Every structure is written in C-alpha cells, then in structure tokens.
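Take a look at this single chain, the form solved without its partner chain, given in structure tokens.
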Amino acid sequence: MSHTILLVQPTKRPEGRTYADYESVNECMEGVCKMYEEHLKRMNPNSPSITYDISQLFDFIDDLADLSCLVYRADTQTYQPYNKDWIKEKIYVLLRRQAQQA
C-alpha cells in the first residue's frame, strides 16, 4: 500500500490549510468522504442517518479552494502529486464498486 497525504484548503483563507495522512490511497479517498460526512452531521445534528448522493459530494469537493494528494512511490522513495479531478475519479470508482456489490 502507498502512504498518502491529503492537503485541503476549504476557503481562500490560508490559515484553513490542513493535512492528514493515510496508510493507503483508498483509505485517503474514504477520508475525503468522511470529511463531507462529518460536515453534513455538524449541519444536521438531528437527522438519524446522514444520507447524500454523489453529485452533492462532488459539488462539496469542487467548492473547496484546494484539495490534492501526495502518494508515496517505493520506486523512488518519493511522493507523486495528484490533483482534485484525480481524487474525484478515484472516489467515483470506489463508490461505483460498492454500489455494484449491493
């Protein structure tokens, strides 16, 4: 698995820049969905389930001022960068697999 770092900046405000790290690319993508999920729970404290469609996720990601990831390559002991659109496609594929399973 490749160690992965996610850099997020929610708004134009520089002090909001944050990061988190994961043991793999798929756990980082799941981390992106968890970010949106905890945002929806803040907003909806009294909804029993947090439910959302993939279009709502994608608009949330598009609205971030910035989102990128760095993925460790054993090859060169270095990190390959990938942009917001790459991220969205991995989450697409991930969420599409689960939907098939069901």
Given for the second form:
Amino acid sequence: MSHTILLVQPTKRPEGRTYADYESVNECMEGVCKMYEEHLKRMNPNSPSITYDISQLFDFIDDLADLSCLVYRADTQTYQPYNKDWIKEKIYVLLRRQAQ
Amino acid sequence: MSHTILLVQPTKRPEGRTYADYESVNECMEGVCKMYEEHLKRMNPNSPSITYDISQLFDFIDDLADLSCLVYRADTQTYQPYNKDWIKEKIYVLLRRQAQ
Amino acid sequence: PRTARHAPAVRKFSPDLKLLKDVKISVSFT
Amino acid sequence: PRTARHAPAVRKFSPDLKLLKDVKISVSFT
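Please move on to the form solved in complex with its partner chain, as the form solved without its partner chain is already shown.
First the chain shown before, then all remaining chains and molecules of the complex.
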C-alpha cells in the first residue's frame, strides 16, 4: 500500500479546494467513487440505491475543475504525481476487479 | 525554482482544508507569511501597517491543525514532503535574507 | 508514568462537494 | 486557423482561513 493524497478543485474558484489522504491507491480510487456517489445521494435523497454507468462517473470527473493525486514511493520517500486521466484509468481497473 | 504545493488544515475539522501551489519554495514561504498577515489584517481592519515578532508567526503556524508542503524534484519528477518544522525554518531563513 | 491517551475513532473524511448548493433557475413568462 | 484564446490574468490564490468567523463569547453576570 502506497499512501496517496488526492487534490480536488470542483469549480474554477480555488476557494472550493480540498484534499484527502488514503492508505493506498485503491482506497483513493474508492474515495473518488464515494465522492461522486455522495453527490448522487444528495441529488436523490429518496433513492435507497442508485445505478450509474462508468461514463457518468467519468463525465463527473471531467467536469471537475481540477483533480490529481500523489502516490508515495518508498524507494525515494517522495510522492509521484498523477493526473485526471491516470485516475480515471485506475478507477476503471478497480471497478472491473470489483465486478468480477 | 521548484514547484511547491502547500497543504493547509487550520482546525481539527477536515472541512476547512485547502491547498495552494507556488512556483518556488521561496514563494511558498512568502505565501505562508501572507496567509498569517491576511489573518492579522482581518483582525485589525483599521491598521494600515502591523509589525509582528517572528515568534507570533510561529505561534500561528503551531496552532494550525496541519501544515505541510511538497517540493518538486526535477531529478525524479516527484514531490518531496516537508513538515511544519521544516517550513518554519525556511521562513526564518527567508525573513533573515529579506531583512538584510 | 505518562498517561495513555484515548479518543474516539476518527471518521474517514469524504468531501461533500456541494455542487447543487445555491444553484438557481429564473424563468420569465413574458 | 485556430483562434488564439485570451482571458483575464488569474489572481494568485491566498487562502482566507476565516479564523475569527463565528467566534463568540458569552458572559454571565449572576
């Protein structure tokens, strides 16, 4: 497991920035999904369950002003940066594993 | 100049987190001072100028729930993390240079 | 001997992006 | 030929930590 920091800017205003940290890359990708699912939950408070296509989650990520992460590398004790498109791919891989 | 990301959590609540990025370590340290000085400005709207001892800035930094930074290293294209006490020292060095 | 310090479990932080907050629509009928 | 896109200069972000916001004191006289 590599400690992972997620940097989030939902809109063009930097006043909305936040960050989160996770024990692994996988937990970070699970966290991105949870962030979207919380958005859907507040949009649909009366729905006990929601199904979405991965494309909807990717649309949501695309529409974020900024999303990136930083993955701890033990061999240099530094953080490797990865951008939105890298995150989306790791989410696809995660969800495919989860489905199986 | 090394691109530098600053992670700020003012209180125990993670809902107050923010981050900022800077073109250099020096600009990041200048930014930490500016963050304190803005706090003093809103505390003292009638004061056109405020003088403070460095110890007051360090007290303010100590009282932040979390402060850390990430400094881009071109030789590995990764970010090196540094904690609150490293930041305070780099601020001391910056202000000493500025005074001279 | 120093005292061992216990506290409640820290909840995992999950950001609420508040994307619907203050989103308004105005409709004219003229 | 593609259009060159110009926009206003982006202001440098300087966080307002809002540390005095909603800070209150209650004083009893009894």
